[PDB]
Each structure stands twice: as C-alpha cells, then as structure tokens.
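A single protein chain has been omitted from the complex, and every remaining protein chain is retained in its original position.
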C-alpha cells in the first residue's frame, strides 16, 4: 500500500538527503555528515547511519561501549582504524564489529577523498561508554546523561 | 586479538559462506556470510547475502519484536512489501519497524543480487507469514508454529 | 512530603479495601477477593496481591509460567498445594516459589477458615503460560493475548 512506500529509501532519495552535521561532544575533530537511514524509516531499536567523513576528520571520540554493540562497513574512500593500541588501514568492503567491552576504537580519514561508511548500532535505554583518552566514563540512563572523570569513580566491585 | 574484529574485503571474498534455505520457502535460497558472527556480535545479525536469479530472500514475513533492514550492494531485485512491488537496485535501503510491513525480495534479474541484511537478535520474537497463514512464536530456542485459524485472540 | 503518603498502605487501610472479585476465566472454582497492594501504590514491574480464598475455592487454574516468576506466602488459614503430580498441605508462614518452567501448580482451600496469602509475581511484557488441564497454551505479547489448543502447536525446535 502507498502508506509503506516510506519504508524504502532509494539510492537517489539517500543521495538527496541533507543529513545532519554532527560534531562529537568530546572531540571537535570528530565531524561528519550523518544520514540516519533508520530514523528516516522509523527504526527505534537500532541505528543505521550513512556517514561521510572528510579528510582530516574522525568518526568519533575514541570509545568503548559496555552494553551497545556497534559495527562499521566501508562503502567508499579509505581511512585508519585505531583499535586499542593498533592502527589498521581500512578500505571499501571492509567490516569492523564491536561486541561489548571488546575494544576501544575511533576511525580517522587521513586520505584525500571522502570516507563513506555505514555505521550500525544497537539503541538501548541504558549504556556506559568509556572515553579512555579523555579519562571519562559516561553513564547514559533513559535520557539522563552523567559524565564522570574516571578518577572520581570509587570501584567497589569490578 | 583486536585484529579479529576487522574483516577486510579480501577476507570477506575468501569466506565460503553458508547455503541457507528458508524453512517455509524452498525458493528462498541464498549464500550467507555472517559478518557479525565472525567478529563475535551477539545482539545484531549483519549478513552479506547472495541471491541468485530466480530465488528469494525469505518467506514473506512480518516481525513483531525484531527490527530488520536491507541495504543493496550489487545487482537488482523486486521488493514485495504489503502486496506492492518495487524494483530495488544498488544503494537502496529498506527498513522494517516492528509490525510495519510484511515483505520478501526476489531476484528476477540476470546477475547475482548482493545485500547486507541487518537485524536485531532477540531471545523472543513473533513472526507472521501471511501467505502461509502461520504465526511463529520463537521463545528461547522453542519454536512453535501455529495456523492462524487456530489462534483465539483474547482481550486483556 | 504529602504526595508520598500514598506509598504506605496501613493494615487498617488494607483491611478496609473491598478488593476485586476475581474469577479465573478457565476455572469457575478459582474465586478470590484480590487486593492489589502494588497497583494501589503504583508498582508496575511486580504484582503484590493480598488474596482471600474461601473454603471450597481455588487460587487459580493449574498453570505453568515460562518467563514470569511467581511466589506465595501464607498469612492465615490452610490450603492444599498441587504441584505437578504431588499435593502438599500449606499453612501460615509457609512459602512457595516458582522459578520459570519449574512446576505447574494450583492451591485449593479445603479447610474451614478463609485462606489468606500474599501473592508476589513479575509483570513482564511477554510470557507464555500453560494450562495443562485445559490443554491450552497462552502466548501473551504486549497486549496481544493468543490462546492455542496444545494439539494445534507444531513444535519445530526445543532448547
């Protein structure tokens, strides 16, 4: 029926979407154009985003999720995946997945063309995200965001 | 050990993939590469699928609890969604909020249809198959398939 | 402050509550006065009920939950607890708990005074409940209640 045409986004509908200019709240160098495919069609439990990262910019602030899984599939362009210590070049057709607690990561575009990726994530009401380079932990609980310096956390049990 | 979370394009080309046939539709045959299982994802499925000409992606279905989406990488297909057909092609995306639309995809083209299928993985779901008139209740490993004519709907 | 006083239900408030006359839809003998202490204060994820079962009546239709836990604490009087193929007498201060899939049960009051219990249970958006004596399975899924004769269920897989 005509009332489910909206669930299909053709390639050219996607191309013409403006998307949002997004800067990560802890990294002014993490700047991207974000086209939320999931929000366009009404998905509420996962995020599916077509992102464009220009040369010299990053995908995020180096981070590790405790409850939300996340993944990235490269569509065009080339980048550098930083994962724990290590750096890995990435290219189109590459996939990276992050099970909970597995590995902190960020992606940079140190190339000469736009890096275009699908970013795929769970959307949960509660999560904990660490930002090791900032020494901060975010507790996110049903819309309440609580950012705490890791030095201020008394760990009673691990 | 962190290298295991990255699958290069070349590694993905070398993956054998699994031959999969949908339990309710013998024409729903694909070769599936579970990218999420290869890196250890447990709450989402992310699969790279190949559907040959004349075959389908699934049995026409509707989820009550798991969200699902499809992103076309190469080739061409026909999406059947709430009894309407739409041609699909590389770069097209279709997503399914729960209870929104029953669908299936067929490859009536000449070249392989390659897609990424992205879904939630939940311990409990209910899935309708309108052309079979069956509802599947899937509950932690127990699968119960019931003809819709045998379901008595109750009020709260 | 004053807006919190409603979270306390004193003994006299409780004894004065009329409660609801509740009859299980699968068992006309399962008739009880139900005082929902949890709904009175605003609990949403648990059910806490003070129930009265008169002599000759029962607590429920014999059933098994697959996802919601349930428990009973006897405050006064006596009853007969049926679990699977076994019957046990119960009396004041006794406690019975039902982990998921553990045992089908019902309680009868075959004594001479009212049987008064606290019934404590989870409230989940999804559950499956079996009524073995009626040959029925109930699938409850956020507001969609689906009752199916057990012979009409094709079991394709089990864990």
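In this document, chain identifiers A, B and C correspond to the written order of the chains, with residue numbering beginning at 1 in each.
Going forward, contacts are C-beta pairs under 8 Å (C-beta built on N, C-alpha and C of every residue); 3 or more make two chains touch, one makes a residue touch a chain.
A.B. asks: Would you mind listing the shown chains in contact with the chain that isn't displayed?
C.D. replies: Touched by the chain not displayed, across the whole complex: A, C.
A.B. asks: Which one touches the absent chain: C:19, C:38, C:111 or C:132?
C.D. replies: Among C:19, C:38, C:111 or C:132, only C:38 touches the chain that is not shown.
A.B. asks: Of the residues listed, C:34, C:114, C:122 or C:134, which one is in contact with the missing chain?
C.D. replies: That would be C:122, which touches the missing chain.
A.B. asks: Considering the complete complex, identify which of C:84, C:113 or C:158 is in touch with the unshown chain.
C.D. replies: Among C:84, C:113 or C:158, only C:84 touches the chain that is not shown.
A.B. asks: Pick out the residues on subunit C that sit against the missing chain.
C.D. replies: 1, 4-5, 7-11, 14-15, 37-38, 41-46, 48, 69, 71, 73, 81, 83-84, 86, 88, 90-99, 102-103, 118, 120, 122
A.B. asks: At which residues does subunit A meet the chain that is not included here?
C.D. replies: Residues 25, 66-67, 126, 128, 137, 139, 141-149, 152-158 of subunit A touch the chain that is not shown.
Rule of thumb we're sticking to: only the chains that are shown with their structure count from here on.
A.B. asks: Calculate how many whole Å lie between the centre of subunit B and the centre of subunit C, each centre taken as the average of the chain's C-alpha atoms.
C.D. replies: Going by mean C-alpha positions, subunit B sits 39 Å from subunit C.
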